[PDB]
Amino acid sequence: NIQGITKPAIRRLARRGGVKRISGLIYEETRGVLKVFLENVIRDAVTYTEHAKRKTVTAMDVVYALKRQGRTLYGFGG
Amino acid sequence: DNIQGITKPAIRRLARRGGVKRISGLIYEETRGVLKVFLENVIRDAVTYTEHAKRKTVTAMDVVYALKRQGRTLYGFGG
Amino acid sequence: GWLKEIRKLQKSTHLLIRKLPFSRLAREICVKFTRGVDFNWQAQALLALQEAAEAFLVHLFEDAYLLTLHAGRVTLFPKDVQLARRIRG
Amino acid sequence: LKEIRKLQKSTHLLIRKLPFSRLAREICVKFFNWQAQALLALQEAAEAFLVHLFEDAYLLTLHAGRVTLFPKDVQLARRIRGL
Amino acid sequence: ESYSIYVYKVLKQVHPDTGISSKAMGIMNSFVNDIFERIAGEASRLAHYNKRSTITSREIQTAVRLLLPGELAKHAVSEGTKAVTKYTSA
DNA sequence: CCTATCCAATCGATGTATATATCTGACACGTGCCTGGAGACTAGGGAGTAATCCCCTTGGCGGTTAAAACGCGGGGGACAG
DNA sequence: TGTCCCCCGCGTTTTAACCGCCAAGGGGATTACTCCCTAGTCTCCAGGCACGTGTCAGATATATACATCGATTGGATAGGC
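Chains as they are written, first to last, in our numbering: chain A, 3 to 80; chain B, 2 to 80; chain C, 610 to 698; chain D, 289 to 371; chain E, 69 to 158.
Source of the hints: derived by calculation from the structure; they are not laboratory data.
One or more of the hints may lead you astray.
Said to hold, decoys possible - Covered, in the sense of this in silico footprint (three residues per stretch, anywhere, with C-beta under 8 Å from a C-beta of chain D), are these stretches of chain C: (1) 672-682; (2) 689-697.
Unchecked claim - Calculated Cβ distances over 12 Å to all of chain E for the following chain A residues: (3) 5; (4) 20; (5) 23; (6) 24; (7) 26; (8) 30; (9) 46; (10) 52; (11) 53; (12) 56; (13) 69; (14) 72; (15) 79; (16) 80.
Unchecked claim - Sample of chain B residues at the chain E side, in silico, Cβ under 8 Å: (17) 46; (18) 50; (19) 53; (20) 54; (21) 70; (22) 74.
Built from N, CA and C at the ideal position, the CB exists for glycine as well.
Could you put the whole structure together from the sequences, leaning on the hints where they help?
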């Protein structure tokens, strides 16, 4: 399931960031960081929805978890 | 011109405390650069609190509140 | 396409990671912190995670390609992605 | 390599008080009365910011193989920090 | 309820010929309360430091002067110190 | 008649300008329900402000003393190839 | 590999940090009083909001237009001995 992040996907991601020669294990360095990041948002976001006795993380629970992480997402506020 | 009060041995101690083996030449001015642009963002954000109350004595509380606003809290000056 | 592919995705604005493997990875992470139970994920909540993670990854890559040229390199290395995760806190 | 293990084990202020006080009061008139506790609150955070910025810029130094600091070292560390 | 149409009429103020999608409105709908939480937030600390339990125009003014950058803070002060006058006198 | 000297002709690839309106489906807005916006009495507890205390930092003169500053030898580091 | 050179250490010199100590009122804080004006409550009253649809802002699909411009070799050709 961690190999769902494909090789031209990370290539396009680094191409958006402006990287000319994208390396090898870099592709394994990205999904690792993507495993570090996406955990740290989800560990907070279900913690918000478990206080209201709910089994569904909404967009606002993602916004609150990201505001806890230090970066404010705009275009998902309901 | 009080930017020369931050002297080359002081910047040398600041670099040797940070684990620098060999300091370059412009680092003895670059510090005088960044301490001119960091501290100013500490000064005005500490004087506006002084401009918020009716006072002219800028306490350490305004300083630690400005450093809280910038994002680096300071210990040892609350009460 | 060294001078061609650099000027296309930056002018473009849509997603780069596919939605369904990202959703599967987000669910596989979500079942860890829910004591092992299935969990409903809203369509806005998955796209929010996607838009956050894509922006975070391109920011981490554009903050590491400046470390690539610092060592006289044009080839990105994981030493730059582990150094960019050190001067951020 | 000699005094590196001397200041890291110590805790005293590297920058003197009165030049730092005059430097702070030069910015103060750009926008008063400064307590002696407020000058230490201005000096401790600035010194600990300078030492930490040099420590984080030295990681940019040993990334290119160099051991000597550079003007590009203090301009690349604050770029990732967003300051 | 939301700020959205209140954003739209001001959008009709600065740009009547220019249209908009619903995403860019929503970011706009996520913009104002992003700054509100700032300016009403900083003013929540400003009155607390001078032992005040009320917020006048001076607390919001000081929060604007402290949060917004130099050219933006002065421009919002000159846009803010005119609405406290035309509301009390008129 | 062998040879050096003007000519061009075939080989080929690599880019956007503004040319559109066509398969779907969402923004501007009309309408209407209403719940929040809004005028207004009323007690009252906070805002504003004078008098005074006394505090604490500005103000200043001196001692000797650790700390700042300056010039030379050179030796391993920075960067060029 | 390799040669250019930049701070490091040390001998020497000195100007200003720090301490010791008296001063003394700027003004922060405290007391107390008097009055703003804003929350509680209440009836009111009206832009702002969901329902719903008219249709226009836009986003591909993609045919192949668009004209020369960078370069190499074989055939005539005027002079030589």
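Against the structure, the hints:
Chain D is given as covering the region 672-682 of chain C, and this holds because 6 residues of the stretch bring a CB closer than 8 Å to a CB of that chain, at least three being needed. With a cut-off of 8 Å between beta carbons, the region 689-697 of chain C has 6 residues touching chain D; three or more are needed, and the interface restraint holds. Distance to chain E confirms residue 5/A as a non-interface residue, since its nearest Cβ pair spans about 31 Å, more than 12 Å. At the 12 Å boundary, the C-beta of residue 20/A stays outside the reach of chain E, the nearest C-beta of that chain being 24 Å off.
Its beta-carbon lying about 35 Å from the closest one in chain E, residue 23/A satisfies the requirement of being farther than 12 Å from that chain. Listed as outside the interface, residue 24/A is consistent with that label: its C-beta sits roughly 30 Å from the nearest C-beta of chain E, beyond the 12 Å cut-off. At roughly 37 Å from the closest C-beta of chain E, the C-beta of residue 26/A stays outside 12 Å, upholding its exclusion from the interface. The beta carbon of residue 30/A sits about 34 Å from the closest Cβ of chain E, which is more than 12 Å, so the claim that it is off the interface holds.
Every C-beta of chain E lies more than 12 Å from that of residue 46/A, the closest at about 18 Å, which supports listing it as non-interface. Distance check on residue 52/A: its Cβ is at least 24 Å (rounded) from any Cβ of chain E, clearing the 12 Å threshold; non-interface status holds. At roughly 20 Å, the least C-beta separation between residue 53/A and chain E is larger than 12 Å, which holds for a residue marked as non-interface. For residue 56/A, the requirement that its beta carbon stay farther than 12 Å from each beta carbon of chain E is met, with the minimum near 22 Å.
With 12 Å as the threshold on Cβ separation, the claim that residue 69/A sits away from chain E is violated: the shortest Cβ distance comes to roughly 10 Å. The beta carbon of residue 72/A is kept farther than 12 Å from every beta carbon of chain E, the shortest such distance being approximately 14 Å. Its closest Cβ contact with chain E, about 4 Å, brings residue 79/A to no more than 12 Å, contrary to its assignment away from the interface. Not every CB of chain E is more than 12 Å from the CB of residue 80/A (nearest about 9 Å), against its label as outside the interface.
For residue 46/B, the shortest C-beta to C-beta distance to chain E is roughly 6 Å, which falls under 8 Å, so the interface hint holds. Hint status for residue 50/B relative to chain E: holds, with the closest Cβ pair at about 7 Å, below 8 Å. Because the closest C-beta pair between residue 53/B and chain E is about 5 Å apart, less than 8 Å, the hint holds. Because the smallest distance between the Cβ of residue 54/B and any Cβ of chain E comes to about 5 Å, under 8 Å, the interface hint for this residue holds.
For residue 70/B, the suggested interface contact is upheld, since its CB lies about 7 Å from the closest CB of chain E, less than 8 Å. Contact between residue 74/B and chain E, as hinted, is not supported at the beta carbon level, the nearest pair being about 13 Å apart and thus beyond 8 Å.
Consistency note: the structure conflicts with the earlier hints numbered 13, 15, 16 and 22.
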